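Presented as structure tokens, the chain that follows is alone, the form deposited without the named molecule.
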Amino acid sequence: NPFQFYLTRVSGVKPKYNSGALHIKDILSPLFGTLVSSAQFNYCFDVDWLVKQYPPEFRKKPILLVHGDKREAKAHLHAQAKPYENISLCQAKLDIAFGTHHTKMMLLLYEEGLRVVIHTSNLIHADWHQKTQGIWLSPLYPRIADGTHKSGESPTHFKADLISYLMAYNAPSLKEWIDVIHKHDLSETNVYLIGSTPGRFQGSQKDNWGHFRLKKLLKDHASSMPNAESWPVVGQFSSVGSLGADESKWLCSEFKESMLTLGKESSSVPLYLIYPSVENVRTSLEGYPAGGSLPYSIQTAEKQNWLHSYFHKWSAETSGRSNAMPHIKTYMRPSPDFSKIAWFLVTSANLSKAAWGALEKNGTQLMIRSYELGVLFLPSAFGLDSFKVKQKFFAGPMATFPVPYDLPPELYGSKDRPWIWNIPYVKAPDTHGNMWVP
């Protein structure tokens, strides 16, 4: 495969469903490269656990933790890291209220080159144990020889775009990583970077981030096909923000409109949203505790009941993962019979305005609250018009894209409800024998 899209290993599926999955210990293994230093961008960290995932021989190499914690939360993270003198921290600035540092990325500097890993998991044991999570593994990028002047740039502009994403932090530890990236050749990269950073973007910057970045890439590097209005949009996520009083406020006005863009010329497009039901969570490998990583609150949900008529169950027989609750987030554009896709995105971004951006100032400004990061797979970047959908995720005819859950998505039944984490479920016990009492 050219795609280098992986799921994380799941404890409690048959070996055939972990063949070609990756655990964090595999990503950090000496087989992937001889580690010199690393940067871990994330939201949540268990530092004691994290250090143990590195090979023993690499555990004293410098590690930078890039986080967004403030006040007592920041103090707690510093206290976690203080025993490890090789660990440095970078607090990403969050100058708009209610934003988070949500990006999940590893920068892995080796004796042999550089690797970038953009993924969906927090750095805690539970996120790598029984969840469905997604990973994009970059190629091993070689160093550009000193005295050689070359760009090291890919046709997708990934090198400059990654440097642009890091430059937005205005952080000295990350300028050091920018200088590392400048010294490497990233020209083999076949994915497009889609980041969000906090800010209010106008004019020459509105297309840099969030859903306007997606829109721009789709305008420039995808083409429209006949009957495009029949090609659905699928969004798949593990958290839901406050989207407004009806679908016209954000979801089906600006967000869907970006997602349905194809090509450069100027809606009945079906919108599928995949989000675990209560029954998905109850019968999951983790049971109700899976719902601690699905933080949809009743205060939010009761303001937007209109949204749940878009919701489809989690189902992943294709990857043996129907009972491994999703923390991956994905967005894609399948054909009307779901046999092909026009593009696929794996990202940290959930279904929220904070992550994707909301237009302000009479549509002239895009405001984003958070840091997010994902990679976009476009057929044109592979010499193709569309991707075939892989019938079985771990099977083997490889310009076929490995979609990790089942198509078509299945609508909630009349008795299903979205998982809402702060109300009790005491009607039926979970796979461990327990109820859920927040």
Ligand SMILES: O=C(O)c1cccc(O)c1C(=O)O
Contents of the next structure:
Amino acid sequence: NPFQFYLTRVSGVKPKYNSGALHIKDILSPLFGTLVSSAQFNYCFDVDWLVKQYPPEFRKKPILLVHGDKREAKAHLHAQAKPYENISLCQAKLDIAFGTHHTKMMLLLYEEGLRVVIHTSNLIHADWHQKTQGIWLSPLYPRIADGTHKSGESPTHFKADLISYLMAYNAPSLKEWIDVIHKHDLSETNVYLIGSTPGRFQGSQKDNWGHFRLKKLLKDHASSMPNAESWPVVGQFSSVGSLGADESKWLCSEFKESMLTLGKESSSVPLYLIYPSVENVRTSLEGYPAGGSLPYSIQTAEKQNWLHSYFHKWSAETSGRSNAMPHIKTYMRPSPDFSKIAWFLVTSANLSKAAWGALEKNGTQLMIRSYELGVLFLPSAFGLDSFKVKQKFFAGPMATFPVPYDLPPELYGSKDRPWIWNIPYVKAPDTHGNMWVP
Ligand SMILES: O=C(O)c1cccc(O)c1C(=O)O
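Go ahead and give the structure of the form deposited with the named molecule bound, now that the form deposited without the named molecule is out.
What follows is the entire complex, opening with the chain shown before.
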């Protein structure tokens, strides 16, 4: 397969549903490369657990943790890391209020080359145990010979774009990794980088990040088709921000507008949002504790009941993962019969203005609060007009894209409710025999 898109291993499904899945121990294995140094970009870390996932022979190689923690949280993380003299830390600046460092990425420097891993899991045991999570694995990028002058750039501009993303941190530890990337040949990369960084972007910078970045890529590198207004948009996420008093405030005015872009020319496009119901969580492998990683608060939700008519259940029979709650985030553009897709994005970005950006100053400025990162699969980058949807995620021509959940998405039933993490559920017990009392 050309896509190199994987799910994490799920404990408790039959082996047929983990053949081709990856655990973090698989990613860090010597079989992937002889580790010299690594950077772990993430949100939450269990440092003791994390070091154990590296092969024993590699556990003293340098590790950089890139995080966004402040004040006591920052102290707690440093205290976690203090016992390991090989671990350095980089605090990503979050100069806009309510921002988060959500990006989940491994930079893996080997004897043999460099690998980039963009994924959706926190570096804690529970995020790799029984959740649905996504991974993109880059090729092994060879080093450019010293004295040789070549760009090492791909047709998707991934090398420059990754360096640009790292430069936004303004961090000395990441300038070191920028210099590493400069020295490697990333020309085989067939995905486009879509990042968010905190800031207020106007003019020549508005298209660099967030949903304007997606819009720019779709305008430049996808083609519109006849009956494009019939191709739905699907968004799939593990949390929702405050979107406004109605759909015209942000969801359907600028977010949907960016996602329905195709091609360079000048809406009733169906929008499907996939988000676990209470029943999805209750009957999940984890039970109600899965809802600790689906942090939709009642304060947010009661301000936007209009949103929930868009919500569809989590269902993933195709990957045996209907009971493995999603912490992956994905966005895609299926055909009206869901048999093809015009593009697929896997990312850290949830359904929120903080993650995707919101227009300010009379539409001239895109304001983003958070760090996010994902990769975009476009048919043109593979010599194709569209992707055929793989019918069974783990089944057997390799030019079909492995969508990890079921299509078409299934609307919430009248008795379903979106999972809301900070109210109690005491009506029916979960798969472990417990209720939810936050
Ligand atoms: O895991 C994360 O990066 C995260 C952190 C804080 C709130 C969240 O909603 C999420 C998420 O849903 O991914």
